[PDB]
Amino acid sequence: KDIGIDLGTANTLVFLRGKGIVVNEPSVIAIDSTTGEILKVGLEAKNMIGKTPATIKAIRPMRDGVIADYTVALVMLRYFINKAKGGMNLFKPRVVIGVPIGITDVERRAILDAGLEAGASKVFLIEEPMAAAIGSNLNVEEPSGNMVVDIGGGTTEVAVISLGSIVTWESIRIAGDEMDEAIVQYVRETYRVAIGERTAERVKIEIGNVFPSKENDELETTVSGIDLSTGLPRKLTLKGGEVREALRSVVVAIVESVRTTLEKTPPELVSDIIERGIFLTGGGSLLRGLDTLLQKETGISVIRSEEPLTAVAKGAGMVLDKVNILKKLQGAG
């Protein structure tokens, strides 16, 4: 039994060689604040965020693409592996876990340890964009310039793939989480209202956009929270234009990372990218008009992936059947 795991800062996906995606749940875990006992893991836990009594603590152990709260992350990972196997047993499956390219050796050691402690007989780490390319069948083993821009909840990764490896890359810790925060901050500074992270995510999903257009400007939705200047509950409406402005600095950072990667890419590979185009993927890349904006800024065609949410998990599991690539991945156990 072999599984691919996309342990995202926002959502976790597990691909089981033989049937596909068997786990797709928010990366949240809730525990009894006194006993430490796990109450819920997944969606039911996410639904608790910002709504818990003092007796319960809802946690998102993954941050910036890496482990931020070790033990909690450990038990959550075990829960997911157990669920992927279809209940806990004495079988230790082989596991491949996606990771940002800019990960440190220490952060890298933590994920390998966690994988083993969580119940894996052996763990392998695969770079995010590489897993996404394999999961989307991009023929990564060929000598063809393939630039992938993967935006998740914790990181934005830009990589030029060729011959089963990454030639050049940039990795910044500005992605989905920073988009949510940007909206929270915008509402607080503009209307003096405090809203939660989940309400900000809803806004991002319902009217988030990064390219100007009549249609985008007309988009609207409401948000509810507490007016910090009056101490009263308050509901107000946000429009596409406002949100686009709130996400400006984040988008600027993303565009910049793409330009910087292109600049240092070997000329023959750049030649390939101009003809092939840039591959845009990841849950954080779904902002309205993001492809439009990147294409206009780089002057190069941008293509959105067809399975932006599952590509990474699929690729992590599929890499097990590619000895040439697998043999180069760092592992443990």
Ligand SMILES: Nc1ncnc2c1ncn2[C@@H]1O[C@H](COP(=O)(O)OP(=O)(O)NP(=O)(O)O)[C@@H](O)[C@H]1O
Second form
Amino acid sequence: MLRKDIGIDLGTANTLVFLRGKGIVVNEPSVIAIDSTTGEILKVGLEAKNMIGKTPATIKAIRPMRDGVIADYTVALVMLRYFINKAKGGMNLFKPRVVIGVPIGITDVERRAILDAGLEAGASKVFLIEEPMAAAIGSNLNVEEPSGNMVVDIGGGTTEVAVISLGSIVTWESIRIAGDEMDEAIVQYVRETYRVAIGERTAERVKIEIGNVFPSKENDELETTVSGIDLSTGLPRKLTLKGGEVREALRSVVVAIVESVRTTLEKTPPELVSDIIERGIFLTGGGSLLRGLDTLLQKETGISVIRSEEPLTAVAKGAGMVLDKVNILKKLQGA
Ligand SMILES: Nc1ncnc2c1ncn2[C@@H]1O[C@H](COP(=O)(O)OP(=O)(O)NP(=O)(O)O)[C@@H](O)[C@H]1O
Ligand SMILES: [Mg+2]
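Please supply the corresponding structure for the form deposited with the ligand bound (the preceding block corresponds to the form solved without the ligand).
Up next: the whole complex, starting with the chain shown before.
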């Protein structure tokens, strides 16, 4: 169409862009690298992420999104626009309709922020959409139906657990503890235990290469190495971390995630629980990819837990699909 329909997943880690009629057309890190002095945009997306932690003092790589919402406005807006444009296929004649996914536990203020940043980013109409709602839609689960559907979305910034029914959220919990809060634990684990400082990115790699949360032979045998600075000798050092240590280091966070899942269920009308029980808890979100998280989750709850088919792209998909799911689009907040 002359007016492209965009579903935007503006996350703190990755920003996915869905385009009605063609699938996923933008899929890159929510990072912006500028010139620390002039204020010029150098690169955005993957090229800017690779910059993080390896930049001079004359460059500032910024993660404008923090904890699901806009941490640095004008920066977020500038990023939101690039990604939107890169998607639009190039300046169209008519401003697109945008559905940007947001976390459930967002204040009225953090809300208008994204609504205003969606308009300044060049959009005709902007709707907001709870992330786990889109996540569910973006997986073809019938959210319009009157039957419980529990979703556990663990992104880079926030962990949202939602119980969905009749096109809307019945109960939920949203902690600001997820993917990024995990990297740090790992980073701080190496610092505090091996007295060696590593980078936010080597940690992410560790989180991704051997991140697990359930004790098993396969897992315990896992190993990768980290190269940083030995804070005891100020000498570049390279040490080896085993899966058992990472699991243990991610514990504190893994527990918060689990606690909020428990809490949520505890306050869900029994009729839904009866459903969720036979149906299963849905696990999605980049940060939910930890090894054995479903097993662990399924254990603590006692309910089958099912990993999504495509977690990284489940919100972008939904946010865009909710456009042709008009019975649900009516209940969203717009601008
Ligand atoms: N294989 C993996 N194992 C564990 N964690 C991973 C893995 N792959 C990616 N991640 C992490 O997941 C986070 C991003 O998850 P993602 O679903 O893209 O969320 P987000 O949209 O960026 N943020 P949010 O606003 O919380 O939805 C980053 O912290 C990644 O390090
Ligand atoms: Mg997500």
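Shifts are known only where both forms have a C-alpha. Positions refer to the first chain, counted from 1. Throughout, rigid core stands for the largest set of C-alpha atoms superposing within 1.5 Å between the two forms.
K.L.:
At a threshold of 2 angstroms on the CA positions, core aligned, which residue out of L163, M88, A194, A253 shifts between these two forms?
P.N.:
Everything else stays below 2 Å; the exception is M88.
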